[PDB]
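**Q** Chain by chain, the residues:
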Amino acid sequence: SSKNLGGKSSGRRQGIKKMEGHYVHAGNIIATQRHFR
Amino acid sequence: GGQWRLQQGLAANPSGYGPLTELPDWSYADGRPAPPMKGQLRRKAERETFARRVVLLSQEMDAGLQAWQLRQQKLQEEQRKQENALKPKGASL
Amino acid sequence: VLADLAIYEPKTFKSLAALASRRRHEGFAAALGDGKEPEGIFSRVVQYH
Amino acid sequence: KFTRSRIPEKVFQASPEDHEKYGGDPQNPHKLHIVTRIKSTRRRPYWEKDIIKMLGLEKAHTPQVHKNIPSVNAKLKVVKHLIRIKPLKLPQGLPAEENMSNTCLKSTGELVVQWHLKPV
Amino acid sequence: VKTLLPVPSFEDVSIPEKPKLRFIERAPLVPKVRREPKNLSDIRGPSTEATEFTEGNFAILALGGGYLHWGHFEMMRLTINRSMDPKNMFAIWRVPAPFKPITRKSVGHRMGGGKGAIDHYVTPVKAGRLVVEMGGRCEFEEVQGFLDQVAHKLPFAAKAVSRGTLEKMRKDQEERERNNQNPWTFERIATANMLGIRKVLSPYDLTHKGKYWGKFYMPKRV
Amino acid sequence: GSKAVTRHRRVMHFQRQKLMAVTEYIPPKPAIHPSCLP
Ligand SMILES: [Mg+2]
Ligand SMILES: [Mg+2]
Ligand SMILES: [Zn+2]
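Residue numbers (the numbering used here), protein chains in the order written: chain A, 48 to 84; chain B, 61 to 153; chain C, 9 to 57; chain D, 1473 to 1592; chain E, 913 to 1134; chain F, 916 to 953.
The hints are all genuine.
Here are the simulated BS3-like cross-link-like pairs (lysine-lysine), alpha carbons at most 25 angstroms apart as the crow flies:
(1) E:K1027 with E:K944
(2) D:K1482 with E:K1121
(3) F:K944 with E:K1132
(4) A:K50 with E:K1017
(5) E:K1017 with E:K1027
(6) F:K918 with D:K1473
(7) F:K918 with E:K1123
Label pairs and their computed distance ranges (CB to CB):
(8) B:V115 with C:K44: 42 to 48 angstroms
(9) C:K44 with D:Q1564: 29 to 35 angstroms
(10) E:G983 with D:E1489: 52 to 58 angstroms
(11) D:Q1485 with B:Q132: 22 to 28 angstroms
(12) A:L52 with D:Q1485: 53 to 59 angstroms
(13) F:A946 with C:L27: 35 to 41 angstroms
(14) F:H928 with D:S1487: 30 to 36 angstroms
Here are a few chain D residues that sit away from chain E, every Cβ distance over 12 angstroms (derived from the structure):
(15) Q1499
(16) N1500
(17) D1522
(18) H1533
(19) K1539
(20) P1542
(21) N1545
(22) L1562
(23) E1569
(24) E1570
(25) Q1586
(26) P1591
Don't read these hints as lab results, they were simulated from the structure. Note that the Cβ used here is the ideal one computed from N, Cα and C, for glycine as well.
If we strip away everything but chain A, and leave its shape as in the complex, we get:
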């Protein structure tokens, strides 16, 4: 009766913050990731 337990971790909100063409000041984070994309 629910032998499996643990996978309740939420999403990391990682991805591209600034796409192509967006003006970016110095120090703005462009993309968050794991496992280099």
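Dock chains B, C, D, E and F with the ligands against chain A, hints included.
**A** For chains B, C, D, E and F with the ligands alone, kept in the frame of chain A given last:
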């Protein structure tokens, strides 16, 4: 009902767009015309603003076409001025 | 006014029924002939401009 | 899942049979549309409601004129199933300053520049 | 007199050894331990694999989706084994052994508490897929008899087809598709989103084109 | 509600039923029936 009325160009509902609607309903006994009916004045104002929009859209489209013609001609003349810059001397003799 | 003509003026309603039946017959003969010649008589709508 | 429909672009390419069936001419295309709203935005998604509000078609059976350019053609392609598009053709010229009060729309899309109320 | 004709001779067909159907086991020899969800889209729409003939000339053609479990495999192999001629015919399985696990909770159980335990193994079959293929030095008629007899008892609709009958059916379906007289197809209305009709359709209906509905196949639909 | 795939033919939405009613195969009609012609 009328959908035969559309084939004669007559706006299927006979109580709009005709002489049955747009003519004045009454007049005085000595011959003087009536003041204009209020729905007639509203329809005439709406027809005027529709025609104004038609004129404005056609003029904006023609002005856009003429400005694009001038942009193409000016770019082509500027590049033709760019082509002729030669004063060549290297392999001539 | 068609119902009021039906009740109070039956001669005018017989005239209207004769008109509708004649235009029906003209439409039928126009359907058999595609016109050619006359497109009837009680056809030929009056044109307003 | 239900999502917005992108349409293949081979739909909006007229065949010569289509040019014979309808009246249009592939050279000299018409300049203006006459769009009329003939189906409710209710029980349709919110993007179709927004496009209908943008184009100016809130009141049904009320004609509105637009340009014939690819941007408004994209907006009309989104809601082409709620409308009736017919070309504004002009029998006389487009209306001058003297005419403007005396004009009419005349279904069959003929913006007649002289509108009397007398028989021919 | 009555005109006799040359028979179709068979000197180009060699029957292989082991001409009868092999045994099909109930469960794979390595039992699967992780329960899989009910991916119902393996019985849905047209088949993409096992669609054309390989060795024989005769087949059972599936005309709708369905899951074959071990009872259907036993029925098919028993009937085709006992009703063929082993010295002139041979049959070939065109479906793999049943591999998809299906779990049932215990009898009379409340809802909740996780998935059940794996009981029995099935194999999905889509529409248009061939199921058994037969060949040999025989005609179409006798195998049409005992293959319609088998194909009646499958969980979906099925027919016994030959190469000629399948190719005739495909040409006739395409000729019906190009002879159509009303201008409104399901394809033209579905892909172009006429009438806003994509609200009541599926995203799968742009490829199914109205010929498919659930696990069912309507072969007159065009 | 039921799944997308069912066992019992799954009665359609009425707009889809109208769509499948209006797009049926219509066979070509010869002018004179071919046997009635020599
Ligand atoms: Mg997770
Ligand atoms: Mg969470
Ligand atoms: Zn006959």
